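Each chain you see keeps its place in the complex, though not every chain is here.
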């Protein structure tokens, strides 16, 4: 199950039923969960954790040092991750806590780049060449389409869709679809929310969207919408708007 | 000619005068044609065929499984292919017939991605980072410039130019140039057709272009243009327009 050509540094912790293919690399401080597959040439570097039932594809690099001139450290990836070929997930820095963190059920396609000190939730999907700059945060179920870069310190809420062939500089309210360059909120991510919620929550989210974005001060509108609000999903939108540190981009 | 470090699984079929460099990988079901070069680290996976006089460059991956959550299978590449570094050509699925197929004389530059169940004709050129989503079809002599993604199930006719730093969602009539995001037909691909045809065919194609695209219903205009038509190249445009499944994007 471990190819003799694999370089597993003394100190690496490997779980049950792990498969390390030829010419892969695991570091002395690496922790490879149970039932994980590391394919030919992939490199798990630094103080990096790969959770159970993850698959790291050929030549993907997890735990390389940050891309930064001025420079305990690593990457933590949850369970059931898929990291496709040539992905570069860099470690964190002392401006965070030394760690880049990814939740469970990540699906990260080829050439994807996740920069130092990112924080991705669960069930994130990154399409080919999506690039997250430093300290980007993505909520659960966010999708980022292909060839789209996200500016450092950007937050994308849960259930967002950031379209491909776009470029994102500001924060994106939960359950919204953003597109363009600079990318802006166009609508709800209707596909994502119809997959997950009932027609009733969906309609609640549509009303909430119009109530927030149609006209007026977004923060004024979010506080008002919190009044007596029944839906925890509309609440996340509202609190996210109130808490925004980079502002929200909106299309007209 | 085969480096000892190369991993050639028992079952791999290798032709005459093949060169497999260090740390490359060939599968038990792979078929490597005569006079082929597989460079260091490249991986020929699954039930994949590489035709004669092809060159697969360092770390290019041919025959990896599709990028898809819900998941006999492979990739067939014709003769005289050039596949540059870090290219990802994924196998097909049972929604096609399990195969991704590329014709002869392919020139596929670095980081290029060809998704499951694509069908590329002959003398295709893909520039750096061009990305084809699932079930994309490209006719003979089509060029796709760099950093351009094509939406799944898109058909591009023969002799098209899809410009770089664009994004393509709809079908592209043969011999046309498309550009933008969303990308649209701007003109004929005048460079491509002047390389291949005489000034007379060229002028026939220019007239045909104006006759099809100037004003009016494109399908009405294509049937009319088929009337008594002398040129097989104008016929392909017309039939392609009539047969279109995703529609044709046109600029104004």
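A and B label the chains in the order they appear, each numbered from 1.
Convention: contacts are C-beta pairs under 8 Å (C-beta built on N, C-alpha and C of every residue); 3 or more make two chains touch, one makes a residue touch a chain.
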{"item": "Given 2 visible subunits, total identical subunits the whole complex contains", "value": "3"}
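The working rule: only the chains that are shown with their structure count from here on.
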{"item": "Chain centre separation in whole Å, for chain B relative to chain A (CA means)", "value": "31"}
{"item": "Chain A contact footprint on chain B (complex, rising order)", "value": "5, 7, 23, 25, 41, 43, 59, 61, 64, 67, 69, 86, 88, 111, 113, 129, 131, 147, 149, 167, 181"}
{"item": "In the complex, chain A residues that touch chain B", "value": "5, 22-23, 40-41, 57-59, 84-86, 107, 109-111, 128-129, 146-147, 164-165"}
